[PDB]
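There are 2 protein chains.
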Amino acid sequence: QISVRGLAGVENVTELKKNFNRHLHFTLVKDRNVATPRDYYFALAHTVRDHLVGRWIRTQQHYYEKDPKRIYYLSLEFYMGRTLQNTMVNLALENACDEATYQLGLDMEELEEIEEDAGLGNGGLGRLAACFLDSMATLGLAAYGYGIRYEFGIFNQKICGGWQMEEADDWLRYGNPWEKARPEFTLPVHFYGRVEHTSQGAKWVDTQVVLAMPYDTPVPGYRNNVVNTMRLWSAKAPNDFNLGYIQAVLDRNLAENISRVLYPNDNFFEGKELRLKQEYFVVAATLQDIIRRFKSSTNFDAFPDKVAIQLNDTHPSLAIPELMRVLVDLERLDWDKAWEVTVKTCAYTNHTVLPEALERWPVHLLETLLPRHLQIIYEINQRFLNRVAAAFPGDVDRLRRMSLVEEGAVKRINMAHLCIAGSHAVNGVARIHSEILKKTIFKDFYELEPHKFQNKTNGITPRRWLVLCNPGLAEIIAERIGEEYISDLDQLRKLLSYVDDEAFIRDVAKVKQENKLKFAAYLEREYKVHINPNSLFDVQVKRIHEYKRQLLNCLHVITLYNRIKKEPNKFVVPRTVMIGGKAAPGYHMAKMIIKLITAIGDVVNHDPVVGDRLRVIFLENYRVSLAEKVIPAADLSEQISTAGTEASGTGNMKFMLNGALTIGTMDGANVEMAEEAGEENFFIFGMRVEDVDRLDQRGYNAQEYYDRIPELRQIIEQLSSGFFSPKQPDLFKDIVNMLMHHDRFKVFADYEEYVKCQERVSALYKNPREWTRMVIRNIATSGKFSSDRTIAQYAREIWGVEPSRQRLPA
Amino acid sequence: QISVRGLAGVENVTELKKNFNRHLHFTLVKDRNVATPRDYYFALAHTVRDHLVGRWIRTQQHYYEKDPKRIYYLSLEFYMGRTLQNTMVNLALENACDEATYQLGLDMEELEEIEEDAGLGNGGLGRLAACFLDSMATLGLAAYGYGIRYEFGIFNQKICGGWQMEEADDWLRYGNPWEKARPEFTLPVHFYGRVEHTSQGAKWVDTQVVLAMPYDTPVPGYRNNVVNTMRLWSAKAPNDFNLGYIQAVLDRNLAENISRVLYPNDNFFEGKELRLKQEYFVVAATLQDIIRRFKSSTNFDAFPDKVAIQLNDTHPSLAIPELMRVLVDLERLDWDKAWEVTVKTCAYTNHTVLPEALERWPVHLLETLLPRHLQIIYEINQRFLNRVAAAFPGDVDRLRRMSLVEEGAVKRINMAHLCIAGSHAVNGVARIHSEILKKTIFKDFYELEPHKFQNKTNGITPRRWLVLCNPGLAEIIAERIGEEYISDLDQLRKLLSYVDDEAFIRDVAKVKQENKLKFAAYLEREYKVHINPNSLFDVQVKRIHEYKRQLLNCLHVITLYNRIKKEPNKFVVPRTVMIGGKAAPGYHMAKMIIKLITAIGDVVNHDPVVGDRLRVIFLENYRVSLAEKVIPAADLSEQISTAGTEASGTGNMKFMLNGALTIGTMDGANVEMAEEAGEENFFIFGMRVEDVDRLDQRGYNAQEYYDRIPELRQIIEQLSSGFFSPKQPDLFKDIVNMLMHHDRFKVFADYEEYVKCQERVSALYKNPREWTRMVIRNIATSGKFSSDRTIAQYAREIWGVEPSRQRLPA
Ligand SMILES: OC[C@H]1O[C@@H](c2cc(O)c(Cl)cc2O)[C@H](O)[C@@H](O)[C@@H]1O
Ligand SMILES: OC[C@H]1O[C@@H](c2cc(O)c(Cl)cc2O)[C@H](O)[C@@H](O)[C@@H]1O
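Protein chains in written order, with the entry's author numbering: chain A, 12 to 254, 261 to 314, 324 to 836; chain A', 12 to 254, 261 to 314, 324 to 836. A prime marks a further copy of an entry chain.
Hints in this document: simulated from the structure, not taken from any laboratory.
Where hints are given, some of them may not hold.
Pairs count within a copy or across copies, as identical chains cannot be separated in the list.
[What the hints assert, rightly or not] The calculated SDA-like cross-link candidates involving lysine to any residue, where the alpha carbons are at most 20 Å apart (straight line), are: (1) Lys41 to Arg69; (2) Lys617 to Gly261; (3) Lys191 to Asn32; (4) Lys520 to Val206; (5) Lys554 to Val369; (6) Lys332 to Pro397; (7) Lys29 to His62.
Please model the complete structure; the sequences and the hints are all you need to start from.
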């Protein structure tokens, strides 16, 4: 149908059809009379998978022969989403499969909806890893993603009576056609035990053993015939485990619980033992696999020339002392040489400055679980602090500030400090974030080793986040400037010469309207809710957190409602306000915010005087597959975190690429986005980081704002009195109390500027032509935020490898 | 190479080779450079599996269109063994695959050894179910095997210091290519809860739900293109199970433990709750599936015309009250009508008379776990005892004897009594066993309903137990009489006209010698033990139990050793005595018997004076795949259970079919075997059932035998003093004490006759020609013991269906 979706040749369509029928018969053991729609999905998936394997085998063969430097990306999260469409896009198979399935009497889009999301991440950090894998394959790097194959991913969110309910994400229930179990590469991982010192070094003995079994998933590059590997470990008990008899067999579950479930916290540290076991499990298995592959190329001098290990946050920080353990205890290298290799091999990416998100493990936990690693950590600390002492003699407070060991009630290890000490590069994820790191939390470290600190602004893959989810927009762009931009997003700048082109303006606007109509229909079909497709689609989708300030959005929504009630017969630009996202199960305040949103909807959506001028919808079960639907449909993107709290954001970039305008604070990547597009083409409001600092020094008093803003006072009084909860008048007392007395994120301080800025948004929306022209100026300058750019910078500036756009033979 | 293994046509071999290469590439994602031998096995398995699916789909389609009466065989055990070779044999693919793999540079037998046994059974009962499935498919019956997909089958047995060690049988580790998950047919099973009585009957409420997910395995008939289904249920937690968050997800294991492990007891009742849950789980899921299939053909009058349910022992006895529950509570049939349907549908096979093996469940367990079923059981009992009271007025002791409810310390339900009451047919498994049932334990029931009681003598499949495991013998037989006997074993009688044929005599003897040489080499290659291939192979392989009297064998072995030590330079027929089998983990005495066997070996095998004249080997990890190796190699089959204890035996039939002579008591099927071959061609010794009864009435005193048999006295003195355990002199005190004071199985009483009979065996072995002639007379009369005969009798006399040897189209 559309050009960017590839060729549907006679030979190709015929071959796809026969292979579809072969899989239905031989693989699924079905015929057309008994086949379910799910059987049809699987037949398609296996057919597409067949096209991957040839390239997969030849890619890994190519790496064996050429022996390039290998990049190992270690993460506890890979938020992959669905694989079928992505695979078709990257292999240029989409139109051919669409035609083939149509001729078989099937609708491909319907089959695509059957695939479960691979939900092995929480949000931004997990999705970044997924975008990064796509870009590394597209840029021809010999890269491997290593993680855990969780049996249960992020929970499915149900809303019951306005409250979030969690249910297990049993994503493997029907099987996963994309993964290949590799039980032959099973590796042992050790826990507990004790340390013995001999004549020939230390020995870690009396350990409990858990097996790590790898499952490999292919990662196709964009039309370059490269297929890299994501290797995910699964926990298995050894066969003599606990070996009355029946109980011993049932107790195997204990060991296998390591890979059972993803911790559902985003930007929050929960110091539970099972989480620590997960972190060591991934690191121990991965490092053995790395070293095995290195030896099959004795002399570890060349190790950093052939291996790069990227630590995604501090979660795999144990890679540093584990590498030291292997090099010193097992390979018998001297400490100083081992340390040189480790530092040159490892690099660390920081993703947050929130104190509650920083990993600080109790010494007593590491003592029992990983006694040898604790010893190595102490030795690293001693040697590091000796360097600090020599550099800044007599500065005793610096020594205590920089220590890997934090003293106090319980002694803890600061994992971020470990990562900096043992890595040759430390990077933040947006320019403002990387500056904050050097100025505040890692200032001491920056002073000691300034060369270590870098910036790598985040990006998103234009394959999933434009071509896949928004083919209509990708097509009208390709009509003007060709197809090269899909792997070279800077080419979108060429669209600036079309900002006054009336044909293009109409097309951009048409694509958005189509996206909005399709999404409006989806809301009725799957959730029975009626919305006006001509209204402004005002959307905030992201994890529910206090710092992300969904509450500030709520205040604006109520302001709009109160203004309509005050002057009903006055014209207002109609809005559909959509908010979605999951709350961590134990995060009470975030759960209360969800309830508030639904409660506001309950009042607003049923007020006759409001009509179809204002609607508030909570988007249930926000996840990658839902993002692919709602983002192309959005008009306004809400990126309203308190300045200095959102390290980067990536949702922001997705909205920019898909034709939404942004209302946002000067936080994270918003700063660089506004810089690229021009501040006049962005809706910037609120405190800058410097203004937040000034308020903190003076002392933040929310009462001041309540006293001086009558509209804000009305809302707080409505919340307190039970306007949005008539049967439970005091339901939102915790929210009001927090807002009034202990708001770390200064919601009130940005309220006036936010509401004023929102008025400017509504004004522009009244003029469709000038709204669309500003949209074009955004899309056209979004090129910097391709993860291809991000990965190219990592490759050149951290890993020491050159990216390549050259094809491998088909 | 050999005729019975089928044709290796040019077209077939070429096609197999290309499909092998396709699976290696596309299915396994490997090439010839990285492929492991296990990859080669899987490529072969997938290639052979492809040939099954066409026939599988068309068989199940045929059943849908023709709507025949369906046979449901319910068992907690299916001891299937390996599937690859069996599939090739039944599809006539063995020579073609052998040729194809040879041309690819691979040895097929080596690949066959890679397959794990499907060890989902304990011994005789589990293996009978497997033989039965083969025969039902071969006889063209619309039959379904229903059971549990245990994650862990029978434990692997390791011998350490002469002691049995158990390790988990992780048989699914590498995947199972034969099964097909059918998550679309997932069914809920209910546990616990309580009963509510309404206006419209009883209701079972507040239950805990476990999901039952089916996995289907194909069962090919012998060259008739029929492929039936074995459906095995796997336990799954529902997604809202327990739905802090992490613990709730980890607790899903509790529900899923139902299908985790096979209880490793054979012929022994362990009244554990998890076992009861397994028994209900299989029954509840199966019956819903049965009824679903029946409704898709309202009126349950025709139910018994379209459905037969065979209960394999009492393990699935809950099918009776579960069918009543469904019919009465859910379908709203009146009691009397529901009961008529149930009785006409169900039939029960008894497999034991041992009191310790009979299932007697505590009322308090059923009360908590299955409250509605207990109520139904009481009502069944009340109505049944009313019939007994009317038939035998005033006989109050009969009422208490026949009750389904046993009074005492703890009230129990006798599951065997339930089965008789609720089945239209009750059968034993050998003529003597079925007579014992009518005369002793079920005498009261036989008097009330004589028509109910039948015999169905057990059998074994001649596919696995001759063609597959002994191709050399199958071939020399086919040369003389053709190939028809493989599905018509009575044709072996034609071999009687060859008993004086010198060519045939030499061939039979040659095949045995070849089998013995191959097995002697196996013992060195995989277990580093040296044996003399010219010695008599004296083998007892079966589960270790007191009733099977491995101890009587031990006494004979020591007698032979003591006789050699007394007269070293006297000639004795050389023997290799092989004993193998697993002991239940909690069965202390059986574990002590294994230790005794190894201890005897330790002394005997290292005595220089003995030389290669006597060897004692314990066959480690006895299982189906090992049976296929050792049985064709045997000269003498030990079937020496105390008369009246072995219900049938099936190992006995396997040895008879494969050219071993039998030393045995007149117990189980031994009686019918001796009858078929002629008593002169069998080595029969010891007490008959009547002699055991006379001894019990008088009182068994073992001291009498000790006092009057000096050779027996010497052995007991050797055991007591520590001759076979010099470092632990009292190691075997428990064994001596049991033998002397509390031997339920009268080992001493048969010792003299056993030793005397063994002398006659040695005498015959000295004359190879007359030994072989007797062998021919055994093989020739083994036809009755084909499971095709057994199943034909079940079909005609119990199920009311006609078997068919007619092909379905290829
Ligand atoms: O860098 C990817 C994303 O990581 C997010 C992020 C950082 C973390 O440290 C953890 Cl544990 C989870 C997470 O989603 C940041 O909040 C977001 O600003 C950033 O865009
Ligand atoms: O009928 C099959 C076999 O079942 C055996 C047998 C009977 C049982 O009741 C149980 Cl629980 C397990 C078992 O293996 C009998 O001991 C044997 O004599 C018979 O040949």
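Going through the hints against the structure:
1. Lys41 to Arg69: between (32 Å within a copy, 10 Å between copies)
2. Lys617 to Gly261: Result: close only across copies, 15 Å inter versus 44 Å intra.
3. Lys191 to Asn32: between (22 Å within a copy, 18 Å between copies)
4. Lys520 to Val206: neither (63 Å within a copy, 74 Å between copies)
5. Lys554 to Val369: neither (56 Å within a copy, 50 Å between copies)
6. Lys332 to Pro397: neither (30 Å within a copy, 66 Å between copies)
7. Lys29 to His62: both (14 Å within a copy, 18 Å between copies)
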